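Engineer: The primary structure of each chain is shown beneath.
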Amino acid sequence: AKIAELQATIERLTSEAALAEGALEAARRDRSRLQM
Amino acid sequence: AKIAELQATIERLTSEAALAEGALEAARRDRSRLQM
Amino acid sequence: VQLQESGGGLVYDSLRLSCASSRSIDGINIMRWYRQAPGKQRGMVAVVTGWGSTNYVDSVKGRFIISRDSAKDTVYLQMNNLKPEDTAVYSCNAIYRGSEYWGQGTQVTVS
Amino acid sequence: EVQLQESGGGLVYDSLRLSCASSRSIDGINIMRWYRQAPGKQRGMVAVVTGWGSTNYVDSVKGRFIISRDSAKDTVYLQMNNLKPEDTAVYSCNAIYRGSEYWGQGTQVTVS
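Residue numbers (our numbering), protein chains in the order written: chain W, 1 to 36; chain E, 1001 to 1036; chain A, 2001 to 2111; chain Z, 3001 to 3112.
Simulated from the structure, these hints should not be mistaken for lab results.
Even for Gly, the Cβ is constructed at its ideal location relative to N, Cα and C.
Check before you lean on any hint, since a few could be wrong.
Stated by the list, open to error - In silico EDC-like pairs for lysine to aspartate or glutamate, Cα to Cα no more than 20 Å straight-line:
#, chain 1, residue 1, chain 2, residue 2
1, A, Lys2072, A, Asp2026
2, Z, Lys3041, Z, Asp3059
3, A, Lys2083, A, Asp2026
4, E, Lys1002, Z, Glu3101
5, Z, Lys3084, Z, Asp3027
6, Z, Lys3062, W, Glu5
7, A, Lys2061, E, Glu1025
8, W, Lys2, A, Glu2085
9, Z, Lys3062, Z, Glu3086
10, A, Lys2040, E, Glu1025
11, E, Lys1002, W, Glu16
12, W, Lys2, E, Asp1030
13, Z, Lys3041, Z, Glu3086
14, Z, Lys3041, Z, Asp3087
15, Z, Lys3041, W, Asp30
16, A, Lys2072, A, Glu2005
17, A, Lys2040, A, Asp2069
18, A, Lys2040, W, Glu5
19, A, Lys2061, E, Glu1016
20, Z, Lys3041, E, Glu1005
21, A, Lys2061, A, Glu2085
22, W, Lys2, A, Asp2026
23, A, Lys2061, E, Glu1005
24, Z, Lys3084, Z, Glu3101
25, W, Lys2, E, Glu1005
26, A, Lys2061, A, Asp2026
27, E, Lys1002, Z, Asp3027
28, A, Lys2083, A, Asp2058
29, Z, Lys3041, E, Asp1030
30, A, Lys2072, A, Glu2100
31, Z, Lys3062, W, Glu16
32, A, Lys2083, E, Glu1025
33, Z, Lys3062, Z, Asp3014
Stated by the list, open to error - Pairwise CB distance ranges, derived in the manner of DEER restraints:
#, chain 1, residue 1, chain 2, residue 2, range
34, E, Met1036, Z, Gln3079, 32 to 42 Å
35, Z, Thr3088, A, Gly2009, 46 to 56 Å
36, A, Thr2054, W, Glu5, 15 to 25 Å
37, A, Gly2098, Z, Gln3079, 40 to 50 Å
38, Z, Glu3001, A, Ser2070, 31 to 41 Å
39, E, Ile1003, Z, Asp3074, 17 to 27 Å
40, Z, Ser3068, A, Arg2016, 46 to 56 Å
Bound conformation, chain W alone:
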């Protein structure tokens, strides 16, 4: 059971991070565009 909870929260957090990281990829390239 314990392993189950650890596992599930792992998958959720990688979901979260991937979305957040794509978003700021977009934001940083936007910052660079307004730089140029």
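Starting from the known structure of chain W, fit chains E, A and Z onto it as the hints suggest.
Structural biologist: Chains E, A and Z in isolation, oriented as in the chain W frame:
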């Protein structure tokens, strides 16, 4: 030990974002403070 | 699941924050704090997990700190002699039992 | 330090893979991923994957970037198709053993 290193994952993980979006939030704040 | 959100306040700190769950007590998954300057996108503030790991969002080192008991899952977080610009809605926000969950969020002046 | 070498890329205009095997912890599957970094900016990730089958992706590369694995000889898969002319991007695995993160030679795979 199956716990010990599986559990050893999250703390670096939760440390990753916490450092990560900091500048990413700081920069987009610094996007907002001086652009719009 | 059900949660509880309160404890923020309105200042210019000397106040307490108390963040609990109505259930799922202390099954301590990853669980987080949030804030948002209005008209914008809400985000990360502070997070504690199975270990109460000592990390938050960079803008904290020396200003926002965790402190927990499972009393009613009423985890806390330390918000003293503040920094103003955070003046916005704060919200602890926890993710439990394979699913995320959201609190109320309260308008808060800090300055 | 564990030499996590990856290799086998190509430089042209699509299962191209920094052949992402192991010399330690042969699929000592704890935590691993790939990263990327677009020139003139910081680093990032194309896809973050997990030993637990939950191998999700960076929000954009959907429809073209999928990750799978072959642990039976420790061979995780960077499989692509139909190169989007933007796809000049850096490709390299990343891993976290004993908590310590790990990196290789990596590559800015020159592909359209």
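Engineer: Is it true that the CA of Z/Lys3041 sits at most 20 Å from the CA of Z/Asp3087?
Structural biologist: 16 Å, holds
Engineer: Quick check: does the Cβ-Cβ distance between E/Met1036 and Z/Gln3079 fall within 32 to 42 Å?
Structural biologist: At roughly 41 Å between Cβ atoms, Z/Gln3079 and E/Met1036 fall inside 32 to 42 Å, so the hint holds.
Engineer: Sort out whether Z/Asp3059 lies within 20 Å of Z/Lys3041, counting only the CA atoms.
Structural biologist: Cα-Cα ~18 Å, so holds.
Engineer: Starting from A/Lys2040, check that the Cα of A/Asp2069 is at most 20 Å away, please.
Structural biologist: 32 Å, violated
Engineer: When you check the alpha-carbon spacing of Z/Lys3041 and E/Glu1005, does it fall within 20 Å?
Structural biologist: Violated, at about 33 Å.
Engineer: Given the hint that W/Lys2 pairs with E/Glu1005, test it: the Cα-Cα distance must not exceed 20 Å.
Structural biologist: 14 Å, holds
Engineer: Hinted pair, alpha-carbon criterion (20 Å max): A/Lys2083, A/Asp2058. Please report holds or violated.
Structural biologist: 13 Å, holds
Engineer: Compare the distance between the alpha carbons of Z/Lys3062 and Z/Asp3014 with 20 Å, and conclude whether the hinted pair is satisfied.
Structural biologist: Within the cut-off at roughly 14 Å; holds.
Engineer: Straight-line Cα separation of Z/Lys3041 and W/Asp30 no greater than 20 Å?
Structural biologist: The given pair, whose Cα atoms are some 11 Å apart, holds under the 20 Å limit.
Engineer: Is the gap between the beta carbons of Z/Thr3088 and A/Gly2009 within 46 to 56 Å?
Structural biologist: 51 Å, holds
Engineer: Given the hinted pair Z/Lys3062 and W/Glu5, is their alpha-carbon gap at most 20 Å?
Structural biologist: Judged against 20 Å, a Cα distance of about 28 Å means the pair is violated.
Engineer: For A/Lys2072 and A/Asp2026, compute the direct alpha-carbon distance and say whether it is at most 20 Å.
Structural biologist: 8 Å, holds
The structure is inconsistent with the numbered hints 3, 5, 6, 8, 11, 12, 17, 18, 20, 23, 24, 26, 37, although it conforms to all the rest.
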